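Using the sequences plus the hints, can you model the full thing?
Single-letter residue listing:
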Amino acid sequence: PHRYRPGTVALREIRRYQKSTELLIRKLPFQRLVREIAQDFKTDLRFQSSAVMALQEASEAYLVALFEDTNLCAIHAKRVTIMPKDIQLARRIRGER
Amino acid sequence: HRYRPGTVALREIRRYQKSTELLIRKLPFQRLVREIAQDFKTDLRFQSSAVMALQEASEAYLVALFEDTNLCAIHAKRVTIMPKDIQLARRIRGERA
Amino acid sequence: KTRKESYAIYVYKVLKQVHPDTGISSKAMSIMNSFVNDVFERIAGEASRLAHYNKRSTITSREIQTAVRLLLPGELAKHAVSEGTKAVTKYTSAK
Amino acid sequence: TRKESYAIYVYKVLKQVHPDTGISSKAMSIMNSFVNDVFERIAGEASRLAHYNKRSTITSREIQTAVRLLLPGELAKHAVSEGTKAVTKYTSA
Amino acid sequence: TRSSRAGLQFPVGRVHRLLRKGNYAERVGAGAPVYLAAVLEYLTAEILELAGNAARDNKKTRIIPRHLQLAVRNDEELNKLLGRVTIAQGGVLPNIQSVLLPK
Amino acid sequence: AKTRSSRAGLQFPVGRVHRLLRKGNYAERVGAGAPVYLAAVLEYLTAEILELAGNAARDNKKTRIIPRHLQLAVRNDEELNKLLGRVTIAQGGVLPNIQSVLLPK
Amino acid sequence: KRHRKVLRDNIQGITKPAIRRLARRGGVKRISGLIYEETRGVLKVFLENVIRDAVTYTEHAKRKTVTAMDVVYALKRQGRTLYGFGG
Amino acid sequence: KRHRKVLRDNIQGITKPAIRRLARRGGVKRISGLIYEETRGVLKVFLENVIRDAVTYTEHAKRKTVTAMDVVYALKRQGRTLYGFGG
DNA sequence: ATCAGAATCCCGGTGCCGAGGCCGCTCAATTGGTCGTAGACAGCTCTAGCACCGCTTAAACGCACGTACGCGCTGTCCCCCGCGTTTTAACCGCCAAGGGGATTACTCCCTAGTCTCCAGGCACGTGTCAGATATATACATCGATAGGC
DNA sequence: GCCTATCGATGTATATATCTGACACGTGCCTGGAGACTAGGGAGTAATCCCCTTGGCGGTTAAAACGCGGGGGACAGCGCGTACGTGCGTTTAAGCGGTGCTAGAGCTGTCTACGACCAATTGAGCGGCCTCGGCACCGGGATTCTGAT
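So the protein lines, in turn, are chains A, E, D, H, C, G, B and F.
With the first letter of the first sequence counted as 1, position 21 gets the number 58 in the authors' numbering; the numbers rise by one all the way through.
With the first letter of the second sequence counted as 1, position 8 gets the number 46 in the authors' numbering; the numbers rise by one all the way through.
With the first letter of the third sequence counted as 1, position 44 gets the number 71 in the authors' numbering; the numbers rise by one all the way through.
With the first letter of the fourth sequence counted as 1, position 58 gets the number 86 in the authors' numbering; the numbers rise by one all the way through.
With the first letter of the fifth sequence counted as 1, position 54 gets the number 69 in the authors' numbering; the numbers rise by one all the way through.
With the first letter of the sixth sequence counted as 1, position 52 gets the number 65 in the authors' numbering; the numbers rise by one all the way through.
With the first letter of the seventh sequence counted as 1, position 50 gets the number 65 in the authors' numbering; the numbers rise by one all the way through.
With the first letter of the eighth sequence counted as 1, position 16 gets the number 31 in the authors' numbering; the numbers rise by one all the way through.
What the hints contain is simulated information worked out from the structure, not anything from laboratory work.
All the pointers check out, no bait thrown in.
A short, non-exhaustive set of chain B residues, derived as facing chain H with CB atoms under 7 Å: (1) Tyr98; (2) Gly99; (3) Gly101.
Here are the computed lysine-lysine pairs in the BS3-like style, where the Cα-Cα straight-line distance is at most 27 Å: (4) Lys105(D) <-> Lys40(D); (5) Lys31(D) <-> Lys79(F); (6) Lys75(G) <-> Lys40(H).
Just so you know, even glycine gets a beta-carbon here, dropped at the ideal spot from N, CA and C.
Structural data, given as structure tokens:
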């Protein structure tokens, strides 16, 4: 049986996604999630096709720049695993609450 | 008598957070403010309020750095902040890239 | 000489309505003078972009109401609409 | 209907610099957003400077003291040079 | 005077002059600065209501710049509005984290 | 000539910028020297970015400029990274970046 | 199998390998397991702060359609300016 | 003792117990020793970014005196708005 | 839980100077009439949005194995804290200007303003090659047990 | 007990080959930039004004500086053991296209009410003056911790 060492598929995975430039989250579950958040504020809201897309790019790059800034805290604890105390640190330093 | 290490600093933190005045010495600060004016335009004058306002935006930036730094050096299972902690806490805020 | 304008009497009138037995230092009086001009530049600075996005050229009472609900957080915006709309409604009925 | 853009003016600069290089529409719509985004950064800053100094006008000097505020060290020192080359050739014309 | 015809304290005309001379629009409607003075008035009446409570919390009758720092930072909805503003002669809030206290 | 962009020796418009200063409610009296200055500073910034994009666009061997090239140029240059500090570019990816701790030895 | 379907909560639409693909772009080699309950709480509290601004621009303009620049002019309020989507 | 004085670098004017008093306000119990060489480098790189804006406001207004609002209008450029100093 | 010890905490007496009124006074708010533009409103095309199905095909789902992390433990070194005491520069107070901020009044050029005009710059069609996609093809790296040190 | 080894095993890179899509390019055309002119006021300039910033000295006084001793913490190494990654087969809904209508955006066209504009008038709101009491203030006695037993 062939099986890589655990911790080597992720290294080839990182060097694939930093070369690609497409959207990782799919367009349909993100479309249905946006509609349920607006329903608490206003009923009967249509959406343009670009406003689902243009919400998505500013939702992904907020996560990747968060996942860039919760990675360094895990290296700061001499770790690799980004345990969820790192994110609630990494939003505190950027002032987001 | 000889106090233990720790209850003297914890009387300072109960004293300085109650107080509200300037903790950096005035004349060494205004010799600092004047000496970085020469790198941009020589022969400048300063009002006595303008190196008072420049202290309260210098004091309230180090305090809001050390409060962010102490939450980092807590997180790495330590109690002592370090120069490696500051360069992390400046990296996440977007000031130092 | 130089006659500067301020918000000195207007804050001290308001403080006496909600606290009669209360003074205020001049050092704090310079804060609320600088607090209001920070807020009023932030609201009207947002009201300029609202009328410009819809290609209009008039700040009416509506754009402030859609600038107050933008800047202010969740709880404070529900009050300043209610305080704001009552003020115009007493102003429109009066002469 | 009629929509004002910058797509021709980014293109002529592109043939001025990289004379064999095309540009996609998605890349062209970034610069058309980017050119407009430097505008309200500069003109929003130059408007704040003339109101602060009790003036009521925006000359070519207020742009020069708004460019040095925004752009960094190596970028602003060339923009003021290329700006002053443009105004002097206009006032000579 | 429009400050009393709407039943307010802040000057309507001084705000209304600051919306025309300030170049925030070409035209300024008459409904705008009467609405604007009340928004400023409630927000000023919000700050001093929590500032003056800090005066009785420390048994003083005048408001120093410490008590404004105590009101804005303790409040949760006023702190999101002024999250980046620093206040001169304010200090910080008294907080000690849990691992720093002696066992 | 007649056009002001030739009379300033530029390519960006001037009359369009001069209208887009006046109707934007910035100040009462826009001076006639400022759109000559403003169109130059807009040109040099576009001449900075489009030159840096096609450098990296040549390295992936493509004639056209794609938004991946525009993200790759303005994040590489430190003097452009300080200007576009909090701007998200659509279709950007990231800079290739792995830290030295996660690598095997 | 069918008597009633699951109809899950629409926040689990941002699926577990989808979040994992985001951390791989963000330069993370090894991810925890409790983070998948956390980062849905981050994105729900983030899209709340944008769409609240996106409605109030559209509610003022007397429309029913949150267009492209009712998001871009909402993002510029938060300081995270987007490019590429026109204007 | 006198033949020539030390005339130290004016960045050591922000003295070692002064920095220590700042960390005590910031809720730090125990401080390192190598931090005193670090935090002078932070304050020197911070006052450079404010005074560069403070000069350019004054250089435009044809003055020689960096007043109070050539600092407050320089700090508002950086987003760290100051109060209390008038206007 | 006890003991004595330094270090806040309060109570009170003092007093000083900043806030609180007071008054005069002027720029500016108000009242008023005039006025033309923006904007409200109504009516009108029609492009793009929403809802379902139909269908292929991929990613998501789940399960087991295990292994490399996370994790807590001990021990050890030292780099810090804390006090004690010289030492020095800061704070305060003052002398001593004089540059420059900020005031005035005046002059004029430059901008806004309307007018007339005329192509630069638009939308839209239209070929066409530049990348999309691929399969092949070679060449890498990757563990794995193999060999010999 | 270790470095090398050498495998095929999966994985990317590179190869040409073929082709679809948007990319430029041409056209007609219309809105908006340019030429032209003239009136006004903002900005320039000069001049005079008096604050207020810079200077250093004297003295003082508490912070800063220097050193030491010790102990708490950073530090690394160890052994645990679970919660991870990995891979497989299985199931599922995202993708895609495709129907279906119609709201709703965007458009023109009216039309009138609103706010700019201007002049006339006076008092709210400024600076300056003035006085009194809130809080700094210390000293003592009272307390609450602290370390040591």
